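Sequences are here, hints too, so could you generate the full structure?
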Amino acid sequence: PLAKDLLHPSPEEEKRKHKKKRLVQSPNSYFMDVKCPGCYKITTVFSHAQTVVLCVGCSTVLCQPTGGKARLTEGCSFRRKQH
Amino acid sequence: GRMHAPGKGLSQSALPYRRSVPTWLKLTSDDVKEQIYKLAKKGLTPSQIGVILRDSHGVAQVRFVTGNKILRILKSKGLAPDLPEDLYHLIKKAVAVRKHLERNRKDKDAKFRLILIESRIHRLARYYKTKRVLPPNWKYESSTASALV
Amino acid sequence: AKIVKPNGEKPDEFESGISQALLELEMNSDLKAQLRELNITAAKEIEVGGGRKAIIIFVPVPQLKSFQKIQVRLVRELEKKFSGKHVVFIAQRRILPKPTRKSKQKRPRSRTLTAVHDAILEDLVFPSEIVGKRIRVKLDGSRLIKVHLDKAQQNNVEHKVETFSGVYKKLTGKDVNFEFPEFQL
Amino acid sequence: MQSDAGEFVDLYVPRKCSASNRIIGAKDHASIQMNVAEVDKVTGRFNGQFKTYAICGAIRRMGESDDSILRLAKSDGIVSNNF
Amino acid sequence: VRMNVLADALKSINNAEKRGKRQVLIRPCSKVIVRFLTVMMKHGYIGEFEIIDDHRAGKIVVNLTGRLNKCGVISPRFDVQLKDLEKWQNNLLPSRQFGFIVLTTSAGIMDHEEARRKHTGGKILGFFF
RNA sequence: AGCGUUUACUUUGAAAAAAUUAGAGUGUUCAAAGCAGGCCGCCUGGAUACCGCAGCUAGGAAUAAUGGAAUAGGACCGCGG
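Residue numbers (the deposited numbering), protein chains in the order written: chain c, 2 to 84; chain O, 2 to 150; chain I, 6 to 108, 113 to 194; chain W, 1 to 83; chain X, 2 to 130.
Treat the hints with care, since some could be wrong.
30 Å max Cα-Cα, derived DSSO-like pairs, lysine-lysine [as the list claims (entries may be wrong)]:
1. X:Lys-124 to W:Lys-16
2. c:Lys-70 to O:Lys-39
3. I:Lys-178 to X:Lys-43
4. O:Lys-34 to c:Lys-36
5. X:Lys-124 to I:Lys-103
6. X:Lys-19 to c:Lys-21
7. X:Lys-60 to I:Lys-178
8. I:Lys-58 to I:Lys-103
9. O:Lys-9 to X:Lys-12
10. c:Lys-22 to X:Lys-71
11. I:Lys-183 to X:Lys-19
12. I:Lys-178 to O:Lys-34
13. O:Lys-76 to O:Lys-9
14. O:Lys-9 to c:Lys-21
15. X:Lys-12 to c:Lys-20
16. O:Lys-76 to O:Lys-94
17. c:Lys-36 to I:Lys-160
18. X:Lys-43 to c:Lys-5
19. O:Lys-76 to c:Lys-70
20. c:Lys-18 to X:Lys-60
21. X:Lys-19 to c:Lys-18
22. I:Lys-179 to X:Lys-43
Negatives, chain I to chain c, calculated, CB over 10 Å [what the hints assert, rightly or not]:
23. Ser-21
24. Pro-65
25. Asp-132
26. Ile-139
27. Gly-141
28. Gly-150
29. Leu-194
Covered stretches of chain X (in silico footprint by chain I; criterion: 3 or more residues with CB under 8 Å from a CB of chain I, positions within the stretch not fixed) [to be verified]:
30. 30-43
31. 46-52
If you're looking for bench data, these hints aren't it; they were derived computationally from the structure.
The C-beta atom is built at its ideal place from N, Cα and C for all residues, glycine as well.
Okay, structure coming up:
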């Protein structure tokens, strides 16, 4: 194809493309409010953590770091947050 | 591509367009600076501090929340290490390789990888000398390299 | 009044009227706790495209964030007082001339034209932060800066787009169009 | 193509491809001259007028003759803009 | 490494124009590329273009008209004196009718015919015909 | 009259032996040359351009280097000395 709008690409094209090769680069990661059932409180965790985030005063382990995204513990309500 | 390898890896961080701070974040400029001080005091490098902050507290950049960069904050208060924390890690690596090579004298691969690491030390050391964050006397030599932590 | 004009000169009857209106608003309304040490630098009034007018206010750059905190809550009762007009706060950036060969320290890169003009546009659209910029270079030779604004505050500030276009054309002399994208947030 | 006086001097003027905007050579044998019929609005019947297109040899064997004819027709409003 | 940015930008336009593409995204945007493309537009070889700000080196999307045979660069930037602009425009350009040598002078970035008129020599950037 | 981060770049000006080459005039009978000649005592001529690089001079400020506050011996403003 000759005629393609490189200025107005539909958002499925940009979500497909590598994060650096979009028309303006943006992170694939996000922040999410994760709370364990026992406690009352919501602690901010990064998607691709790479540290073992703990609930206050060493209550329990909250997320496990892996190659890509972090494994959140089984029995934890996570709400990814937007700005 | 990579300096001392044939690889052509495209895999780094991609900052968002918006330099603004998010609404949800209730930590202020001085609150983050106070925690940066405490983490560095415990005994931690600018790389680890930034990781621990944005994993646990939710601080995309210190530069966007505060005005300044992490090392710039540390070396104002006076918590910054003497030689930089990338030249430190290269020297410590060269010590560990050279110690392994002392016992394993038949390791010709370890010999070759020591030449690449020490070449990269020399290369980065002189950059810092021109910028004047090392005294021009400064000389990495293997005999008195193990004493530099 | 509460207007500290930079040069030791006269805050004219127009600028005085707004500084007195801010003193009265303080003494009457709840947010007098904040308006203790906040001040105005100046206040012009431009004619925006159509049959509309936009009163403009200038702020000391230090206390801008202090204004920003209460900026939307304050602008409401400014527009309810000055009925058929729009109002928006802008910080007064100092702007140093490019040091020529002919002829005092290194000019900081916040005291430069491109950085000051970027900061002017940042403050024009306060409640709605900028998410994109496209500088369409037209065939005659002229430019057209096309700003993409955050889709939150669309409904709140979509009626102020021609005010912002007119104010920026006045302060800088550059033609701007504010669009609202549907494809990111 | 005229001299100092203003006399058009070259012995003919070649056509230009509607898609690529190249000049169609005197012996570009894979170049087409395609008339798409113009239809009366109220009846949906042939008027006796047409919306003619020319395309170059390179474009056709590239395989962009299809999309280029389509986009020219959709620009003229022969094909619906919705499509 | 990427030594010359204008060199990359003009090769990108040239490749896209041959292939018959209708617009092309030249990446590392710079004052020299934009000022080059304005000159190229004012004579009417390209269309209107739109420069895309990420908080870095920008991008440019150039709308292409199929009336551009070649847009090249000369590296290094040789110091063209005014009298030698003949022997340059002799051996670079197709004929004495059309084609332009754009060169960066005291005044600004402008083509050989303008620089000849203004009575200024300067450093050569490239050529377009 | 005195000034003004430096240099490279480009434009102008100054100073640059003649002969040679390019070149204006001139029927050596034509020409190569020559610097002579022409008008019924007089009227003319013996021009001009080029002479890289380096040094000198005055305009331009794109492009390419270089510099300026970050243990503040920072600039300015005035007092105490």
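Status of each hint after checking the structure:
no. : hint                   : result
1   : X:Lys-124 to W:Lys-16  : violated, 37 Å
2   : c:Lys-70 to O:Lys-39   : holds, 28 Å
3   : I:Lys-178 to X:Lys-43  : holds, 25 Å
4   : O:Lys-34 to c:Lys-36   : holds, 26 Å
5   : X:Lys-124 to I:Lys-103 : holds, 23 Å
6   : X:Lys-19 to c:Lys-21   : holds, 27 Å
7   : X:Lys-60 to I:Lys-178  : holds, 25 Å
8   : I:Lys-58 to I:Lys-103  : violated, 34 Å
9   : O:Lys-9 to X:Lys-12    : holds, 23 Å
10  : c:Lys-22 to X:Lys-71   : holds, 27 Å
11  : I:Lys-183 to X:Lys-19  : violated, 36 Å
12  : I:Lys-178 to O:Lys-34  : violated, 40 Å
13  : O:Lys-76 to O:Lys-9    : violated, 35 Å
14  : O:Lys-9 to c:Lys-21    : holds, 15 Å
15  : X:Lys-12 to c:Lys-20   : holds, 25 Å
16  : O:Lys-76 to O:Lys-94   : holds, 25 Å
17  : c:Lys-36 to I:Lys-160  : holds, 29 Å
18  : X:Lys-43 to c:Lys-5    : holds, 25 Å
19  : O:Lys-76 to c:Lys-70   : violated, 33 Å
20  : c:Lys-18 to X:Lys-60   : holds, 17 Å
21  : X:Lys-19 to c:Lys-18   : holds, 26 Å
22  : I:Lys-179 to X:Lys-43  : holds, 28 Å
23  : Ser-21                 : holds, 40 Å
24  : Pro-65                 : holds, 28 Å
25  : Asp-132                : holds, 19 Å
26  : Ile-139                : holds, 12 Å
27  : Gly-141                : violated, 7 Å
28  : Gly-150                : holds, 20 Å
29  : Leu-194                : violated, 7 Å
30  : 30-43                  : holds (count 5)
31  : 46-52                  : holds (count 5)
In summary, the structure is inconsistent with hints 1, 8, 11, 12, 13, 19, 27, 29 from the numbered list given earlier, while agreeing with the others.
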